[PDB]
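**Student:** Residues per chain, in single letters:
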Amino acid sequence: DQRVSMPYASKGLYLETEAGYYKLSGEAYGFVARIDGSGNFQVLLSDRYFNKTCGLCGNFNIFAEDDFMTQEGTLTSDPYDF
Amino acid sequence: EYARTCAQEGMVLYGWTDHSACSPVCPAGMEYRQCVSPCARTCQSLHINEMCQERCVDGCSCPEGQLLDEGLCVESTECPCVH
Amino acid sequence: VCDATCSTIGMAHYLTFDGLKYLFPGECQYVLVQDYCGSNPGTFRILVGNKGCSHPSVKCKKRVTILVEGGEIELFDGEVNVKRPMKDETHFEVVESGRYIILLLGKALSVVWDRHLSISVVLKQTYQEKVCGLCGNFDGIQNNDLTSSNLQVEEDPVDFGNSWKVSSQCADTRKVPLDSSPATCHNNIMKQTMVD
Ligand SMILES: *[C@@H]1O[C@H](CO)[C@@H](O)[C@H](O)[C@H]1NC(C)=O
Ligand SMILES: [Ca+2]
Ligand SMILES: [Ca+2]
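From first to last, the protein sequence lines are chains R, C and P.
Here the first sequence is numbered in full-length UniProt numbering, starting from 106 and rising by one per residue.
Here the second sequence is numbered in full-length UniProt numbering, starting from 270 and rising by one per residue.
Here the third sequence is numbered in full-length UniProt numbering, starting from 862 and rising by one per residue.
Just so you know, the hints here were simulated from the structure itself, not pulled from any lab data.
Virtual Cβ for every residue (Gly too), placed ideally from N, Cα, C.
Treat the hints with caution; some may be incorrect.
Okay, the calculated bits of chain P under chain C, using three or more residues with CB under 8 Å as the criterion [as the list claims (entries may be wrong)]:
#	segment
1	965–977
2	1027–1038
For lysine-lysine, the following DSS-like pairs were computed, each having C-alpha atoms within a straight-line distance of at most 30 Å [as the list claims (entries may be wrong)]:
#	chain 1	residue 1	chain 2	residue 2
3	R	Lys116	P	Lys968
4	P	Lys882	P	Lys948
5	R	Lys128	P	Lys912
6	P	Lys920	P	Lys948
7	P	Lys922	R	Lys116
8	R	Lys157	R	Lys116
9	R	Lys116	P	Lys923
10	P	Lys985	R	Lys116
11	R	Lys157	R	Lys128
12	R	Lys128	P	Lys882
13	R	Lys128	R	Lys116
14	R	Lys128	P	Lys923
15	P	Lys1036	R	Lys128
16	P	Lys985	P	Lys923
17	P	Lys985	P	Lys948
18	R	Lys116	P	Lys1052
19	P	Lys912	P	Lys922
20	P	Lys991	P	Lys920
21	P	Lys968	P	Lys920
22	P	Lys922	R	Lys128
23	P	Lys920	R	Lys116
24	P	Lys920	R	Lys128
25	P	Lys923	P	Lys968
26	P	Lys991	P	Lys882
27	P	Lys991	R	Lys116
28	P	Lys912	R	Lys116
29	P	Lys1036	P	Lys985
All chains, full assembly: derive it from the sequences and hints.
**Tutor:** In structure tokens:
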């Protein structure tokens, strides 16, 4: 809840700005998030989490049709209740 | 979005915003380049090279000179000191 | 004149050549020592880089990138790795003897590494005020080892090492309020005696 300044580097998470746009790097944990001026989240993520990380950005497999596997595990046709 | 999704695949595209009549928003002094290095040579920096072999990233940056100093582009002649 | 020796005693301390312990907890990458200083050719650029090391703990693995003879040999996680072999391989040498990684690089340069945190670079009589960095200038004068990159002596070391970070846009470390008790030993006077 405490507002901190920026940059910031605690716990292996460097919270920097790159190219006028904000970045949150976690290379120890395997991810690089960022946001632009308009607001457009982006998540670059390593191959260590292949057919793993299940969430709102889907699993990191090769296929693109099966990547709505709900928190139970259910291939749903709807992109919304997922 | 379509620009970046092709860039990530290993094939970048160039100058598409010249005629598209839409440039992404950025603060004053900078506008949207394409494939600028992340290791922006700023003012209070150490002149070291060939450690930043990182990949190339899109985003807005300063003009050819006009080094960065605290979130604004300022001319290289007026580089301050710090104490 | 004898052969001087930097060190990194623990997670966040530094012992200069001439002899000056000081406190600098950082989390970016920092120039431990180099030769490209002012008006010189710039042969070697030993660097050091820590992650999660502002508060010492079982975290804080160090990374070390040493840049001599157009090379890039670096080390972390126990082993040494060559990302770019250097030209004159004759001077190169690696002596994995005991708990250490002794590592020569020339007639007047050597490095030691205890596989965990310590960095003890040894230089010879050759230089004598040709270097600078977090280890100082190697001149014998013991109270000018805080000459920052902007060519002035500072009094507070936490503003010194912030001058020597490579990435000029990462986070500069915070001026900690001074006290004899660190975080865990703060208001835990029982434990502060068992450690003493
Ligand atoms: C993903 O996980 C499943 C279950 O372990 C496995 O059968 C599959 O080979 C993995 N990768 C692919 C190609 O789906
Ligand atoms: Ca998928
Ligand atoms: Ca000195």
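**Student:** Next, verify each hint and record whether it holds.
**Tutor:** Hints, verified against the model:
Coverage of the segment 965–977 of chain P by chain C is violated [criterion: at least 3 residues with CB-CB distance below 8 Å; count 0]. Figure legend: the segment 1027–1038 of chain P, annotated as covered by chain C; annotation consistent (4 residues with Cβ-Cβ distances under 8 Å, at least 3 required). With a CA separation close to 40 Å, the supplied pair R:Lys116 and P:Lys968 exceeds the 30 Å bound. A hinted pair counts as satisfied when its Cα atoms are at most 30 Å apart, and P:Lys882 with P:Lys948 does not qualify at roughly 36 Å.
For a cut-off of 30 Å, the pair hint linking R:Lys128 to P:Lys912 stands: about 17 Å separates their Cα positions. For the suggested pair P:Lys920 and P:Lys948, the alpha carbons sit about 36 Å apart, so the restraint of at most 30 Å is broken. A threshold of 30 Å between alpha carbons decides the hint, and for P:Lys922 with R:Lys116 the separation of about 12 Å falls inside it, so the pair holds. Restraint check for R:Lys157 and R:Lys116: satisfied, since their Cα atoms lie roughly 24 Å apart, inside the 30 Å limit.
The suggested pairing of R:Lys116 with P:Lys923 holds, with an alpha-carbon distance near 14 Å, which does not exceed 30 Å. With a C-alpha separation of about 38 Å, the suggested pair P:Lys985 and R:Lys116 falls outside the 30 Å cut-off, and the hint is violated. Between the alpha carbons of R:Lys157 and R:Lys128 the distance comes to roughly 24 Å, so the proposed pair stays at or under 30 Å and holds. Taking the CA atoms of R:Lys128 and P:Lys882, the gap is about 35 Å. The hint is violated against a cut of 30 Å.
Taking the CA atoms of R:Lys128 and R:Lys116, the gap is near 15 Å; set against the 30 Å cutoff, the hint holds. The straight-line distance between the Cα atoms of R:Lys128 and P:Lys923 is roughly 23 Å, inside the 30 Å bound, and the hint therefore holds. Our distance criterion of 30 Å between C-alpha atoms is met by P:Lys1036 and R:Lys128, whose separation comes to about 24 Å. As the CA atoms of P:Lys985 and P:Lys923 are separated by approximately 25 Å, the hinted pair is consistent with the 30 Å bound.
Taking the CA atoms of P:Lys985 and P:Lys948, the gap is near 22 Å; set against the 30 Å cutoff, the hint holds. Annotation: proposed proximity of R:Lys116 to P:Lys1052 holds, straight-line Cα distance about 25 Å (limit 30 Å). Under the criterion of a C-alpha separation no larger than 30 Å, the hint pairing P:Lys912 with P:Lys922 is consistent with the structure, at around 7 Å. Simply put, P:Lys991 and P:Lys920 have alpha-carbon atoms about 34 Å apart, too far for the 30 Å limit, and the pair is violated.
A threshold of 30 Å between alpha carbons decides the hint, and for P:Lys968 with P:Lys920 the separation of about 35 Å lies outside it, so the pair is violated. Restraint check for P:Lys922 and R:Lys128: the C-alpha separation of about 23 Å stays at or below 30 Å, so the hint holds. Restraint check for P:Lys920 and R:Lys116: the C-alpha separation of about 9 Å stays at or below 30 Å, so the hint holds. For the given pair, P:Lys920 sits about 23 Å from R:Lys128 by alpha-carbon distance, which is consistent with the 30 Å threshold.
For the given pair, P:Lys923 sits about 26 Å from P:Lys968 by alpha-carbon distance, which is consistent with the 30 Å threshold. Between P:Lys991 and P:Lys882 the CA atoms are separated by roughly 21 Å; this keeps the pair inside 30 Å, and the hint holds. A C-alpha spacing of about 36 Å is found between P:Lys991 and R:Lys116, which places the hinted pair above 30 Å, so the restraint is violated. Under the criterion of a C-alpha separation no larger than 30 Å, the hint pairing P:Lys912 with R:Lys116 is consistent with the structure, at around 8 Å.
A distance of roughly 35 Å separates the Cα atoms of P:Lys1036 and P:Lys985; the hinted pair therefore is violated under the 30 Å criterion.
In the structure shown, a violation is registered for the earlier hints numbered 1, 3, 4, 6, 10, 12, 20, 21, 27 and 29, in ascending order.
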